[PDB]
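Visitor: Here is what each chain is made of, one letter per residue.
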Amino acid sequence: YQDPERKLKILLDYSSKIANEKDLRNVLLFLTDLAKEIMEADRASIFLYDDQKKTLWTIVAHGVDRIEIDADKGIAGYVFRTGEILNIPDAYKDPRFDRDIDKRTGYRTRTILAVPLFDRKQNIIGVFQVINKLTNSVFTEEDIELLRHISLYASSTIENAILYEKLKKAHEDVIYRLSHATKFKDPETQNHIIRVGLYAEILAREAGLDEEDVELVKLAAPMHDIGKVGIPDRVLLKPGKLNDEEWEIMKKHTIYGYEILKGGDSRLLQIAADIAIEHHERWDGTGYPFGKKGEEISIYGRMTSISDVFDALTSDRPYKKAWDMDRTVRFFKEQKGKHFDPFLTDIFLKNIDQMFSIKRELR
Amino acid sequence: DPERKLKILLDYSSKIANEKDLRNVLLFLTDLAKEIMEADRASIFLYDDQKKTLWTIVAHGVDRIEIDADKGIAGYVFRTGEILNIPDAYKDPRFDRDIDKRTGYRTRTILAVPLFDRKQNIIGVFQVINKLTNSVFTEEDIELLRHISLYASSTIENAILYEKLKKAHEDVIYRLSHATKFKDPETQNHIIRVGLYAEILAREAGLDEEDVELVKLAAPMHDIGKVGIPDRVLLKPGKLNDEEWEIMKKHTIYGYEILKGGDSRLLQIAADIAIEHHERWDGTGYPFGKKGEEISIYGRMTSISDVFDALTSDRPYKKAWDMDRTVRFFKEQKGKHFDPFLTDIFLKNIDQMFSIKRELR
Ligand SMILES: [Fe+3]
Ligand SMILES: [Fe+3]
Ligand SMILES: [Fe+3]
Ligand SMILES: [Fe+3]
Ligand SMILES: [Fe+3]
Ligand SMILES: [Fe+3]
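For the protein sequence lines, the chains are B and A, in the order given. In this text, residue positions in the first sequence follow PDB author numbering: the first is -2, and each later residue adds one. In this text, residue positions in the second sequence follow PDB author numbering: the first is 0, and each later residue adds one.
With the rest of the complex left out, here is chain B:
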């Protein structure tokens, strides 16, 4: 006997999967699978409009490229332009249908149902199409209604995924740019600030941290030197090496960074503040500003020390050429359990190729 709630439970499962999925590619796949099962259709496609190239596009299969579609032509094109629904009982009798794809593969397209996708402001942003009704000779008025509800859900999900990626990007950008507010008085580069978080992301990941903490270290580590904004110019701009009085002030960039960052409530800022105050501490207990030792330094500060020293060593600094991989490796092995956490150093060494790769393509 059949389950009367079968499709309902199937739809709820798809909706759970989709709500969890941040990648637009897979959202599109899951929406397509959903349509096929709910519409009882053999094939389904989503076409979205590209502002720049002036084309609709679709992904044909799992993992394959964007196929551009002519928005001025065909069935999807009609629906995209007019906002009207096309329900084709026989594709081979509609001059808007192209048989070439059909001609090559042994596939026979019979029925086509295409509806527009609308954004929140009722603009047409694409088309949702289904092909070859399996359990009836034609798509019905009821099928049209159902596909329109699916379209609304698809629209919302697609926009949400895009809005979220826009936010994610803006958040990174802001952290990167503001972290480099020191650019006028300190020579550390914008790419340095980015790369340090990227190396620390690998370390946290390979060290087995939760995906949330991996993401936080990537964004928190770049802020470690923000405290330099409060250092006097006579110290920060001194064209050589510091006296005791001056060095003592320079060290306070850690304390200052902490003061700038600690007033947050977010985990991001609590971790960033700790990194700011910890990143010159040594596994030894011989670092600054407090001589914290071993596990007294949060794992985030320990990961940032390794990443930051790595990136400095692999850049040219006046009087000293950037070190190559081999020397950097020997250095880290020698400083294991001294400057750096011995467990994290091993992880870092084991992933040293990914480190140099980031360094090479982000100059």
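These aren't lab readings, by the way, just hints derived from the structure by calculation. Careful, some of the hints might be misleading.
What the hints assert, rightly or not - Here are the simulated SDA-like pairs of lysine to any residue, each with C-alpha atoms no more than 25 angstroms apart in a straight line:
{"id": "1", "chain 1": "A", "residue 1": "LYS165", "chain 2": "A", "residue 2": "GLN351"}
{"id": "2", "chain 1": "B", "residue 1": "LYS14", "chain 2": "A", "residue 2": "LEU5"}
{"id": "3", "chain 1": "B", "residue 1": "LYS6", "chain 2": "A", "residue 2": "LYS130"}
{"id": "4", "chain 1": "B", "residue 1": "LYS248", "chain 2": "A", "residue 2": "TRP54"}
{"id": "5", "chain 1": "A", "residue 1": "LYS6", "chain 2": "B", "residue 2": "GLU156"}
{"id": "6", "chain 1": "B", "residue 1": "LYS19", "chain 2": "A", "residue 2": "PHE27"}
{"id": "7", "chain 1": "A", "residue 1": "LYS166", "chain 2": "B", "residue 2": "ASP20"}
{"id": "8", "chain 1": "A", "residue 1": "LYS330", "chain 2": "A", "residue 2": "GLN351"}
{"id": "9", "chain 1": "A", "residue 1": "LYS70", "chain 2": "A", "residue 2": "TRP54"}
Stated by the list, open to error - With the C-beta cut set under 10 angstroms, the calculated list includes, among others, these residues of chain A facing chain B:
{"id": "10", "residue": "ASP10"}
{"id": "11", "residue": "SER12"}
{"id": "12", "residue": "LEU83"}
{"id": "13", "residue": "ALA151"}
{"id": "14", "residue": "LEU164"}
{"id": "15", "residue": "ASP230"}
{"id": "16", "residue": "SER263"}
Claimed, not checked - Counterexamples of contact, computed for chain A against chain B with all Cβ distances above 10 angstroms:
{"id": "17", "residue": "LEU8"}
{"id": "18", "residue": "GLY282"}
{"id": "19", "residue": "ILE355"}
Note that beta-carbon positions come from the ideal geometry of N, C-alpha and C, so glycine has one too.
Following the hints, put chain A with the ligands in place on chain B, whose structure we already have.
Guide: Just chain A with the ligands now, with coordinates in the frame of chain B:
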């Protein structure tokens, strides 16, 4: 016709996917569940690590209601992770009939299931009440509610993630904007309030809600370029001479240089505000003497909000101006310092500005 509940689900999940507010997500989910389970009432209880209680919200948008995490039906399900299916609440010893008493309600059937996060921990309880057959929730109803519960878990975890990100993003922008705090007196609350005034101004001038959210977050960064000003200028313990003042004026250009290496709309706007905020509608400002609409609307809105905040704060010998005095100054400056059209909008809403100033001292 069995497609009825599918169209209902699809309507609710569309609204859920748009919703940025946890409270509203929860209301949608409970309305979804009432319709799909054909039950009269539903509730979602979530756990607060801090207070060690469950909580729930009721409709109309009232306060969070604290619920005892140990005793009760919800309490039982949260602690044990077991499903609870009650045919008659008034015969169950764990039922608290006081909710019925105050509301005029008579609870009959209760079905309550756990909500789990991805990590697999129990984070709450989904409860459905008064199946509309006036009879028991069935094994098939339990099974349906297990699927609804997984969908609720996912959308709730997603909405919480989204709120964490938004809050972290604001925190970052606010804290780093105040990185000037060792060397400049502009306060943390000032930096926040200026975006909040510009947010009301943008809304009331009819910008898209996305742009309104952008101005709230972009305006706060407009003085970041002060970090590039030499100490012999910024910390000079005497009035600046003309040459030093020309250097000080470059904090606009410096802010632009810090911010402009973006691709995001937020940074593109923030960079414009950094470079424009001392420009004057009549073209007599700095650094470039831009005039009227040559100044982006975002820069024009920030100049109004930043001056407002400064007129309404006390300094030694210089008492904050009151509403009447501030209004008069803005009318005088219409078409001079400020965009006449925006000033009108700002003046129509000045009570909202004073309320912000009073709420965040
Ligand atoms: Fe450094
Ligand atoms: Fe440092
Ligand atoms: Fe560094
Ligand atoms: Fe200022
Ligand atoms: Fe300024
Ligand atoms: Fe200001």
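Visitor: Decide, hint by hint, whether the structure agrees.
Guide: Structure-based check of each hint:
1. A:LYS165 <-> A:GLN351: Holds. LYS165 (chain A) to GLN351 (chain A) sits at ~24 angstroms (cutoff 25 angstroms).
2. B:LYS14 <-> A:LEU5: Given that 25 angstroms is the threshold and the Cα spacing comes to 17 angstroms, the pair holds.
3. B:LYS6 <-> A:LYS130: Distance of about 19 angstroms is within 25 angstroms: holds.
4. B:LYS248 <-> A:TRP54: Cα-Cα ~46 angstroms, so violated.
5. A:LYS6 <-> B:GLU156: holds, 20 angstroms
6. B:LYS19 <-> A:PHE27: holds, 22 angstroms
7. A:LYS166 <-> B:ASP20: Answer holds: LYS166 (chain A) to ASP20 (chain B) is near 22 angstroms, not above 25 angstroms.
8. A:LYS330 <-> A:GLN351: Between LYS330 (chain A) and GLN351 (chain A) the Cα gap is close to 18 angstroms, so the pair holds against 25 angstroms.
9. A:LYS70 <-> A:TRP54: holds, 13 angstroms
10. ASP10: This interface hint holds because 7 angstroms falls under the 10 angstroms limit.
11. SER12: holds, 5 angstroms
12. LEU83: violated, 21 angstroms
13. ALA151: Result: holds, 9 angstroms to nearest chain B Cβ.
14. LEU164: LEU164 (chain A) check passes; min Cβ-Cβ to chain B is 6 angstroms, inside 10 angstroms.
15. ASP230: holds, 4 angstroms
16. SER263: holds, 4 angstroms
17. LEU8: violated, 6 angstroms
18. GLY282: holds, 28 angstroms
19. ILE355: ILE355 (chain A) clear of chain B: closest Cβ-Cβ about 19 angstroms, beyond 10 angstroms.
Checked against the numbered hints given earlier, this structure breaks hints 4, 12, 17; the rest are met.
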